[PDB]
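A.B. asks: Using the hints, position chains B, C and D with the ligands against chain A.
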Amino acid sequence: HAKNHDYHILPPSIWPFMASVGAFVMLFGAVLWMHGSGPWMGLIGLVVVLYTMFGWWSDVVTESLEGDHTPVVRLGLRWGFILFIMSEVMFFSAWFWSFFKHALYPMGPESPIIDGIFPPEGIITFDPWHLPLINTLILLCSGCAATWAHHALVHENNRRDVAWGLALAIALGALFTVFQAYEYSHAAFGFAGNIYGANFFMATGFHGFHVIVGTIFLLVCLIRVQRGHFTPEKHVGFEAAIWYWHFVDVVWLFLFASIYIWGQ
Amino acid sequence: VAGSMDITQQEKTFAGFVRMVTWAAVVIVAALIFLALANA
Amino acid sequence: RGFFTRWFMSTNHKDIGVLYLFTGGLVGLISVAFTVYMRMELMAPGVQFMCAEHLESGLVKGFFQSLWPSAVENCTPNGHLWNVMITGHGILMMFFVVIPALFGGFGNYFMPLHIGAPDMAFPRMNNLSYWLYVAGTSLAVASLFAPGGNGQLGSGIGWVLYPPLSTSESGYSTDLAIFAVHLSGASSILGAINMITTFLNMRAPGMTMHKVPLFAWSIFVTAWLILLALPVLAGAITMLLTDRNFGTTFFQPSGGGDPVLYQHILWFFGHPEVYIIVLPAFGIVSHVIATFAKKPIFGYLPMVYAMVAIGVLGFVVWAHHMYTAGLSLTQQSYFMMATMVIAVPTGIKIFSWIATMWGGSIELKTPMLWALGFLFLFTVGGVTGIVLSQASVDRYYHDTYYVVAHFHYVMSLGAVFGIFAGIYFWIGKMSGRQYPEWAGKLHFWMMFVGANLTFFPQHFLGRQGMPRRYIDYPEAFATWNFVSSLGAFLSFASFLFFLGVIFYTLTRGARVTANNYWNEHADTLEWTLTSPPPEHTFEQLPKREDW
Amino acid sequence: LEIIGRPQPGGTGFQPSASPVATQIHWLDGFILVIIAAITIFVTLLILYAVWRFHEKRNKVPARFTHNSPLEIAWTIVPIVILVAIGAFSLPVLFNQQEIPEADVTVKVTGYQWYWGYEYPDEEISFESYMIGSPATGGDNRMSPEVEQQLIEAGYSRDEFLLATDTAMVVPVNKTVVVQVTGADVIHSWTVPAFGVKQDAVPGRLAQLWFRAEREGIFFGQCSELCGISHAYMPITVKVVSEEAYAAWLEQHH
Ligand code: HEA
Ligand code: HEA
Ligand SMILES: CCCCCCCCCCCCCCCCCC(=O)OC[C@H](COP(=O)(O)OCCN)OC(=O)CCCCCCCCCCCCCCCCC
Ligand SMILES: CCCCCCCCCCCCCCCCCC(=O)OC[C@H](COP(=O)(O)OCCN)OC(=O)CCCCCCCCCCCCCCCCC
Ligand SMILES: CCCCCCCCCCCCO[C@H]1O[C@H](CO)[C@@H](O[C@H]2O[C@H](CO)[C@@H](O)[C@H](O)[C@H]2O)[C@H](O)[C@H]1O
Ligand SMILES: [Ca+2]
Ligand SMILES: [Cu+]
Ligand SMILES: [Cu+]
Ligand SMILES: [Cu+]
Ligand SMILES: [Mg+2]
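Residue numbers (the numbering used here), protein chains in the order written: chain A, 1 to 264; chain B, 265 to 304; chain C, 305 to 851; chain D, 852 to 1105.
Here chain A stands alone, though its shape is the one from the complex:
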């Protein structure tokens, strides 16, 4: 009743409360799963959360189709995602720190005085050109496929290449994690009991979790192109997809030139 501002005001919503009940149970049940009892309490949580996330984000489309995403709101949603991406970079930095330390000054039997050998004695690394470069061409190509999709909708309004490009990107994205899940099978070293395995499998591990996320995210954007949901002016969800995906590429390119090239 009687307002002059464009800012999005929201009706009350269960999902904040419902997600945090599920998330508490997810993480409590995971603790118990990690200590011998049944995964069931954990996966109840995962389902309640994944159900809540779904509900949540379905309304952020409903509202955008409802004409709530005004100029400012859309702009604000762009910062929100960038600030998020920045804190994603800060998360990964803790793992590049952990790697670069145990690479520059690896632990030797006379540790702070005289450092040890890197890569650890008897750790056979991956050939940085055989397979990892296949995955670096898988991702760099998928990053082009998703950018042609952006440039299509934004600067051509060409809905065919938007859909086509995204399908190719989602394909190569899921292909990366498939090809990477082979590099894990064919790993010349263990996960437990050595730092190299600890630094390697956790750093590429989280990146792979971020690729899985970025591919699911791109698929939600394609599913929406199937329903013809974006316009050249209004496409914040599609915008953040290509940002997030390009962020994943930067992370891999670092990993490649850190763990594989420089750290072989």
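No false leads were slipped in.
In silico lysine to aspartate or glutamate, EDC-like type, Cα no more than 20 Å apart, as pairs:
#: 1; chain 1: D; residue 1: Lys959; chain 2: D; residue 2: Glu970
#: 2; chain 1: D; residue 1: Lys908; chain 2: C; residue 2: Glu741
#: 3; chain 1: D; residue 1: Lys1026; chain 2: D; residue 2: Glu953
#: 4; chain 1: A; residue 1: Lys3; chain 2: B; residue 2: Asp270
#: 5; chain 1: D; residue 1: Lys1026; chain 2: D; residue 2: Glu1102
#: 6; chain 1: C; residue 1: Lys847; chain 2: B; residue 2: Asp270
#: 7; chain 1: A; residue 1: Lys234; chain 2: A; residue 2: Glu63
#: 8; chain 1: D; residue 1: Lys908; chain 2: C; residue 2: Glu667
#: 9; chain 1: D; residue 1: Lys911; chain 2: C; residue 2: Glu667
#: 10; chain 1: D; residue 1: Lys1026; chain 2: D; residue 2: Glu975
#: 11; chain 1: A; residue 1: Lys234; chain 2: B; residue 2: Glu275
#: 12; chain 1: D; residue 1: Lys911; chain 2: C; residue 2: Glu824
#: 13; chain 1: C; residue 1: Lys669; chain 2: C; residue 2: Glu741
#: 14; chain 1: A; residue 1: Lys234; chain 2: A; residue 2: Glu66
#: 15; chain 1: A; residue 1: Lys234; chain 2: A; residue 2: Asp68
#: 16; chain 1: D; residue 1: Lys959; chain 2: A; residue 2: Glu110
#: 17; chain 1: D; residue 1: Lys908; chain 2: C; residue 2: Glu824
#: 18; chain 1: D; residue 1: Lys1090; chain 2: D; residue 2: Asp1017
#: 19; chain 1: C; residue 1: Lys669; chain 2: C; residue 2: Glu824
#: 20; chain 1: A; residue 1: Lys3; chain 2: C; residue 2: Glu849
#: 21; chain 1: A; residue 1: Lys3; chain 2: C; residue 2: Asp850
#: 22; chain 1: A; residue 1: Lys3; chain 2: C; residue 2: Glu839
#: 23; chain 1: C; residue 1: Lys669; chain 2: D; residue 2: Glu907
#: 24; chain 1: C; residue 1: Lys745; chain 2: D; residue 2: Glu907
#: 25; chain 1: C; residue 1: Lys669; chain 2: C; residue 2: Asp827
#: 26; chain 1: C; residue 1: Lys515; chain 2: B; residue 2: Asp270
#: 27; chain 1: C; residue 1: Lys653; chain 2: D; residue 2: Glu923
#: 28; chain 1: A; residue 1: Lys3; chain 2: C; residue 2: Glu843
#: 29; chain 1: D; residue 1: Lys1090; chain 2: D; residue 2: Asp1010
#: 30; chain 1: D; residue 1: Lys959; chain 2: D; residue 2: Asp973
#: 31; chain 1: C; residue 1: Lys515; chain 2: B; residue 2: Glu275
#: 32; chain 1: A; residue 1: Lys234; chain 2: A; residue 2: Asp59
#: 33; chain 1: D; residue 1: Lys959; chain 2: D; residue 2: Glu979
#: 34; chain 1: B; residue 1: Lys276; chain 2: A; residue 2: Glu233
Quick list of the computed label-pair ranges, beta carbon to beta carbon:
#: 35; chain 1: B; residue 1: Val291; chain 2: D; residue 2: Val912; range: 43 to 49 Å
#: 36; chain 1: C; residue 1: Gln635; chain 2: D; residue 2: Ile976; range: 31 to 37 Å
#: 37; chain 1: D; residue 1: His918; chain 2: C; residue 2: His840; range: 35 to 41 Å
#: 38; chain 1: D; residue 1: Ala987; chain 2: C; residue 2: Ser361; range: 25 to 31 Å
#: 39; chain 1: B; residue 1: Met284; chain 2: A; residue 2: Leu104; range: 26 to 32 Å
#: 40; chain 1: A; residue 1: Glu156; chain 2: B; residue 2: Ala279; range: 22 to 28 Å
Keep in mind that the hints were calculated from the coordinates and are not lab data. Beta carbons are placed, not taken as given, at the ideal position from N, Cα and C, and that holds for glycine.
C.D. replies: Here is chains B, C and D with the ligands on its own, set in the frame of chain A:
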């Protein structure tokens, strides 16, 4: 009158925020490249 | 419009902020109760309350037995409980009490008002930050009643979860605490993202950032620290989680780990963390001193840029928590000097507040007392920091109650005074009922007397060599430990009295007439709105002439 | 036999010096303590006076000023000088206590959950220092009739309960002991307040301190990093004796 609102102050602030964060990010990458070229 | 839809589904920031305030009080009281029991044992040497014998009774039983002493002959010292209490105290306070009441509680309420915003940028995600915070607090409480170390309940690691002790302490209680901290970060990061966007995108027309109220700036800087620090802590504790439960060797040396690398990564979060606590108090104190000294806050910009300066430098001084851990002399040198740089802008702000009082007409009402009290404690606390900054002297002082005294003066009492200053200042403006000025001024004075006789005696114990996390000490300390445990007991009564004062105020309280109930110089946008402000504030955006 | 490194029942200053580094830590703290004692007194009086001189009763109308470009630079240059002052005397004391010299004695100290371990690599000696109230020395990590008699045994009082250990690291006066420290279980920390040395025992790191013992007597120190249930109950005793007496011990312990 939704859609009408004047954004000039905010769109300016966003260009600064982008210009700022990009600048800040290279300084830090440079600072670590210095620190590595100094005391690695 | 029902108790559930209003508080379990709110998207109105004013309510979510109120939720934060009240939960912060609740978890506070829990954690303050931990400290009254802690000083109870430390009252005089020998263990009397934390006896292994009490374990043979059940949970409820052995509890109420522990609340009442014993003879040194009938008491086997259970150090584990002691460690879980000190850990319980710290973790609750640093992750679930003080930041939530300042950043979550006041920050969510007033920062949108100060900048003339109708809501927050992402007010549905806002609610998620609160309920994730409750989820963390649950997991945190669960950690106290869980398969823990040395065959008992609870994790007795210390609020910073140092390894290999953390990684190898038995049970799963620690893993809960890990995930509790995970969610407390997830809360904060979302809250921060909201605050940053809100501040940058939703200001009033004509309000440039150099026209933004100081509290809003203080919250804005706090949000940036949170945005960048907490994700680093996530990695830190995830590495503890995989060492504990997936047998990696991030910090296990037999596999090639370095327990020192944890401290780097943790304290890379750990200092920003301590500036995330006090920075909102800087703002609140700025607003209060300017109001009740009837004088525009001395040196606006500088003040801000000081906050920016502190905020930037806060990341690159982290290793002065590690002077003893075995750091290269080159390193120890750098962190000694950088730590000294921070001291300058953190000092300067103390002067600006005095300069605001200089010249003005000072109404010594309750909020002004608390802000004045803060000034004292923040100096007393800050100067002992200069001592510790010099690595040479740190060797003697490190891991002694001298540090405990330092960080209580500057951080605990600093932020607590910040919180109370906020509460009395804004209670009418949030409830519609004012507090009784006699009770407030009493609560302040009890706290100020008690809390000084609590932690200043601890300075001595540190110089006398009493180390941290000791359930028992040589008899040759007990003089000061009794002085402290007295003050701490008195302090507990003050916080109890306060809980009454607000109970009186929220029910039997003097309903507030006007929009502004303080004086003309409480001149920011919240005092333009109704005393309990409308459920939808700034439907009509305020025109430039409104500030 | 003169118990020196020790708390006094309600003391406020440091523990007695016993080394050149512990003299300089006593000195630096005093120098700083003047400067901090000034700054708090100066801030307290500025606060008190302003509250009196500028109370709404004692002064009716507030002032209008907000900035003072001269005085504000005064507010900055002074603490930078104050810190350059303290810094100039503190960086020397830091290098001195961290640059290790030639060792007269070398000792390796190892942190074990709730006891210590000393090695003299040269003189071929090894032993473990448990607290006199230990469960390895019968006690429940508490005082009891039995536990007091044992304190007398080693030449200690009921006073020294939580400080006195069943075996001591013994050292020659005016000889530079280089103490190397590592942890075995979790992180422990070796300190002797009288000697002015603290070094964390981190598993998997060879960390080093040094102290030149100037006086003779018994010195104490307790563990300074939370290490588990009995973190209070693993202290340090360093008996320092004359070179003649120490040469007699170095054959005995063999
Ligand atoms: C509220 C947060 C806060 C603030 C503001 C501070 C203000 C400072 N504090 Fe610290 N402190 C912590 C939260 C804070 N700190 C916490 C939580 C811990 C412990 C965690 C744990 O160990 O468990 C800690 C422990 C700590 C240590 C390590 C002790 C140890 O464990 O060995 C050191 C040493 O470098 C230190 C230095 C400082 C310095 C140099 C300043 C200075 O920047 C202060 C500025 C000076 C003042 C505020 C006094 C007023 C001065 C003026 C008005 C003019 C300025 C004068 C000069 C520059 C000479 N702090
Ligand atoms: C900033 C948060 C905070 C707060 C508020 C405090 C309030 C107090 N703490 Fe501090 N404490 C720490 C952060 C705090 N503490 C940390 C992080 C550690 C490290 C754990 C470790 O060593 O590993 C520590 C360790 C510590 C120890 C020693 C443990 C050991 O070394 O073995 C002791 C005992 O002397 C201590 C005494 C007190 C007392 C008596 C109070 C108070 O009870 C006294 C007076 C103050 C009040 C009564 C204010 C209470 C009010 C609030 C908290 C506001 C609540 C919210 C609202 C009203 C909205 N604390
Ligand atoms: C845009 C997306 C990009 C992808 C995201 C990844 C970005 C992160 C990349 C940089 C990561 C930092 C890596 C730093 C590792 C340095 C190695 C190290 O740990 O130093 C070791 C030192 C202690 O070693 P010590 O044992 O004492 O040495 C004894 C001598 N033998 O310990 C030290 O002294 C610490 C050295 C200082 C290191 C500080 C690290 C801070 C981490 C913040 C990085 C954030 C990057 C932000 C960039 C902007 C991005 C937009
Ligand atoms: C995508 C395509 C890829 C293409 C690649 C091209 C991009 C290149 C990027 C390279 C960056 C890699 C980062 C590696 C940095 C290594 C850091 C380092 O070497 O410093 C460690 C050093 C070691 O310590 P020390 O024991 O004293 O050494 C003695 C032995 N000589 O530590 C010291 O010197 C001790 C002094 C400590 C100083 C700490 C300084 C603070 C850290 C910097 C600030 C960062 C914090 C972020 C700030 C955010 C807030 C604004
Ligand atoms: C949800 C969040 C996701 C982020 C976390 C990422 C988790 C990534 C998990 C990686 C799983 C590691 O799996 C790992 O198991 C085995 C034992 O350690 C390894 O080792 C195996 O091959 C090696 C052959 O030389 C041998 O050393 C081992 O005897 C053999 O068991 C595998 O080669 C490796 O792939
Ligand atoms: Ca006791
Ligand atoms: Cu710090
Ligand atoms: Cu120990
Ligand atoms: Cu210990
Ligand atoms: Mg320590």
